[PDB]
Each structure stands twice: as C-alpha cells, then as structure tokens.
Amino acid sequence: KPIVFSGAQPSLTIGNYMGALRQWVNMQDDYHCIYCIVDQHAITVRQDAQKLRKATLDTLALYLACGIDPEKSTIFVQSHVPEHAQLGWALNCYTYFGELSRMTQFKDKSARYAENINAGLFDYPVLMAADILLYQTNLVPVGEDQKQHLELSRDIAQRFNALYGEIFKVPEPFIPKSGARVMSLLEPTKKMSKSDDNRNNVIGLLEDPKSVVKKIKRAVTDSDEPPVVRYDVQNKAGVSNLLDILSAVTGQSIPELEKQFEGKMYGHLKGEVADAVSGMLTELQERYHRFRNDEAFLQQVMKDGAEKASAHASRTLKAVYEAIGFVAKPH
C-alpha cells in the first residue's frame, strides 16, 4: 500500500473539494493517506496568534467533515511532531542556497527582498521536503503551483541517498486528476483558485447558501441570442463551467443536463446550479459544525494522529541521524 502525504494549510474551495479532496476521501482504503495541518508553514506569514489557533482547528474539522477518516488515515498537526523541524534543519545542510533562491524567481539578490522577506518564506521548501521524506512517502498529490517544491524534495532525497544509502523514498507526483477544473465565476477561462483576490470568483466550502447563490447568479455567461444551454468550452466558457459544476455536484451527465435545459434561460440554469451547490455545502457545513464544536473529540484526533505520525517519523529521523554521524542520544 503506497504512502501518500498531503499538507493542509490552516488558512478550501468547491474546486478543491470536487477536484482533489472528494476523490481522495474515497481512496483512504487504497492508500496509506497522511494529512498534515502545516501550522509551521503558516507562521511564515505573520498573523494574529488567536486566529492561527482557531484556523488550525477549523482546518481539522473541515477535513473530517469532508470525510477524512482518522481511523483509516493519519491526520495531525505539524507542530505536534518535533521530527518535522529536526529533519528540516538537517535537510537544510543538503540543500543548495542556489536551489532556494531559484524558488523566489531569483528575486533574493535585491534590496526589496532583503529588507522585507523573512527567512521562513525563503527556507520553507526544505521544511516541505522534510514533511514528505519523514514518512517514506511514495505519492504527493500537488497542483501546478507545487511542482517545483516537489521536484526539490526528490532531488534532496536522491542527493542524500547517494551519500548515505537508501534512507528516503523518492516521492512521485500523483499523475491522474479527478473531477473537472471548476472555473472562476467572473472569468470562466481561469481556474477557480483559493488565492483569488476577487472573492466573487470563488465558492468556499464555508460560505452560507445566501452568499453562494448570489455569486452563482452573477456568474458570467455569453451573449448568444437566443440563449442556448449547451456545452462548448471554447465559445461558451461560462455556461459550460456552470454545467460542469452542476454535473460534478449531482452526477448527471452533460448530455442529460443539456436535455433538461432545452428551451430554458440562463437564469434557470444558474438557479439549478445554485441550489445544487447550496445543497452540497449544507450537508458539509452541518457535519463541520458537529466536529468543530466537539473540542474534546478534536483533541483526541490530534493526539492519536500525532502519536501515529511520531512513530513513523522518529524511525526515519533516527536513521538520518545515524547515517549523518550524530552521536545517538542515550536512553
């Protein structure tokens, strides 16, 4: 059974859910899935302390609500496993400074970067590599934005294995994609992104029906006269995106939906999409609030998951320290 590692930032969209996460929720029996809430990555951006703690718990209950089963998968908070920072430091010594500056798009020799960017923002690719390599990870699902970081982890693993023997597994990307690419609501040729400054482009899993219905009702459609609800990505991006969102929620095929909307207006299409999406989020949010309000259950999940995570992580760290040449701590 392959080991799969995902990091979960404590700061999710329907594109994330109906794309990666929903499919992974159904593969917890096919892979040894590990979910790490990366609160040590989070502090690379300064934030109120009390919001960070809350958002760590929000992220945990959200992933449980999405269906991550802590009896089947390991889910845990990054800072609860000291080995993450321990390996991160050690791997810094096997990472070229030049590799990390390539990641900043070589903007680190300037004065603007020197005066404002903290060393965490510069060094976090090595900590991400430590996250992956601690668990003998075989598979890391990543979007396009993380391919360079994943490649660095593979390079570090191979460089270390070449010096010391096979201590790490060389991780691979997870190549197959699921769902459709959910497109942003006001620019239907750009993928919906959790990062978008225009929040009207995005549906978050924790928005209420009312706000979600407003955004879907305002989604950009085409000028075809008469209006035709028909799938055509090239010429009808907005209408096709709406159909793709509806099909991904309901499982109805696009030809079926095209038959449903024969002779109907774009407003009736938007209404149906808004209802379907709004229905999916209510189920999710109902489960979310049950988990989130049970502080003791959430505490028991984090304790169990960090104990599971620690057992594997310490084995790797002991082998790294032995290979490096450290004197073992007496026990």
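Residue numbers count along the first chain shown, from 1. By rigid core we mean the largest C-alpha set that fits within 1.5 Å across both forms. First, how it differs from the form deposited in another entry.
Summarising the superposition on the core between the two forms, the listed residues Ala85, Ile254, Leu100, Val170 contain exactly one with a Cα shift of 2 Å or larger, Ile254. Taking the rigid core as fixed, one finds a CA shift for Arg22 of 2 Å or more between the two forms. With the core held fixed between the two forms, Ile132 has its Cα displaced by under 2 Å. Relative to the superposed rigid core, the position of the CA of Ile37 differs between the two forms by less than 2 Å.
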Given for the second form:
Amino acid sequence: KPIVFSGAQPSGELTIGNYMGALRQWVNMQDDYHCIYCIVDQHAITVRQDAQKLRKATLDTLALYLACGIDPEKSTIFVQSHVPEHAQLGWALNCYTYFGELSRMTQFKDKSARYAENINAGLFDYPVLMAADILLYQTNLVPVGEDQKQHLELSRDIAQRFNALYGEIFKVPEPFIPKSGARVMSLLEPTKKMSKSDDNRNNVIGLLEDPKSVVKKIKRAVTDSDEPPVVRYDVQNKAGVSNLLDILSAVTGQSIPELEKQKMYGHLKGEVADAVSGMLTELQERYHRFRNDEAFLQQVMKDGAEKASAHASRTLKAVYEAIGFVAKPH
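Output the form deposited in another entry next; the form deposited in one PDB entry has already been displayed.
Chain alone follows, minus partners and molecules.
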C-alpha cells in the first residue's frame, strides 16, 4: 500500500474550500493507502497567531478531521509540533534547497504582500518544512488543492536531489489534486481563492457555519452583471457564478446538469445555501461530539504522534547517517 501524507494549518476554521480541495480526498483514500494526516501548527505560526486562538484552533482542526471521517483506526493523525523529527529534517533539507527556489514561490510573494509587516524567515522557509513533513514518511502521494502544486514540485526536486547525492533515502512524492473543487474562490472577491485565514469572514464558508449564516453569505456573493443573467461557466468573465457552480457541482458531482437550470442568480444562491448546509449538519453533529470529548482528542494525538514518531525517526536516522552526522549515543 502506497503512503499518503497531507497537512492543514490550524490557522482558522476549516472552510468548504479546505474540504473540497483536500479533506474530502483524505477521507476517500483511507482504505487504498496508508494515510497520515497532520495538523501543522509549526506552519501556522509563519503568520502571527493569538496564542489562545492557536491552541483552540489546533483542537478544532483535529475534531474537524474526525468529524469529516478521518478514522484514527485507519489513519495516523497527529500534531506536527509533537514530532520533533519534522523540525530536524526541516533544517537538514534547508541545506539542500536553493535560495532562488524559495524566493520564486507564489505563496511567499502573495503572503508577503498580504503581511508586509511580518515577512519572516518562516514564511520564506515554508516549503522546506513542508517537504520535511512529506519526506519523513516515505510518502508516495500528497492530496492537496491546486494552490500547493508549486510547493509539491519543490518537494519532488528536493527528494530527487538528496537521493542523487546519498542514495534512495526518500520516496519521490506526487500530488493528488482533485479535478473539481481544487480551488474554491472567495465569495466577495471571486478572483482570489477562499482562505481560512481571511480577515474578511464573509469571503469564506466555514465547516461550522449555521444555516442562517450560509444563506446570508451565499446571497451576498459577487456575481456578474450580464443581461439576461444565466448560469454559465466563464472563469474569466463569470467568476462568481462559475465559483458558485463549482461549489454546487463539486458538492453534487453533476456539472452541466446544473448548467441546464435555465432561473436567476438568487435561485442558484438559495440552492447552494441549502445544499451546503445539509452537508455541514451531519459533519457538525459529529464535530460537536468529538470536540467536547477531550479525553478522546488527547488519545488520538498521543497514539498518532507515537505512530508517526516510529516512521519519522526511521527516515531521520537514515538522513543523518547519509549526511555524515555522528549518531546520537544510546
């Protein structure tokens, strides 16, 4: 069985874009792959977090994984900072990553624009720690949304570069990007993707949004000024309507069967809202159960970090041995 690894930041409440781009695939892959899923709190602090909100968001993210169907008896689930090997491989991989590879990254430039007062070395080094997360587990396949394609390309290049110097230390990982829902767009600015960290909460549908909020947010989503108004797919010219179709389509898997609903944008918006909320209520029932069982959350983190540590330590010893470090005395 190939190995699957993927992560999400506790930087906010997971969104429907997180669900369609990543989490839905994570759940689907649990029988055909040895799946390892991580709450990457070390990545989350590359953007300034209130300390209380970060601890809460870590546990919220864990309960949301569980609520979406990530099964701790099938998959390893763990918190990144609980496994020191991630930071240790992160440093070693820095020494095999070109500065130019990092400065050219779309996320670094975009987040630097968004956080001009906190352009820190963690933001720059983000893809290297990502590569470390992935390569530690001899990962074959990495289910992510479209925005992480470039980062995953670096992970592939780093694995191959290190292997060329030292032998077959790493597996070379490949992305798994879904054909629908890989880049869900912001409701009030459909030219930019939906991001859980957005200060403007109305761009985003969180997985825990009650039915009234969903109606309100979807009703106000930016749509085009065509005359007459019809539901057609043109990302360059009907970005908002196209994103609303993508959301409903990747929620019900039909495509042009909805394109054949030839009504007004308010009919689409009422349907998206009802459909989206029907999904959440099932998820939300499991969440409110998992989130308030602290003993269960602690057991899942404990068991998951122990499982991850066994694999991560094996790869890291091999890396340290290859590089030339004196082994830690036992």
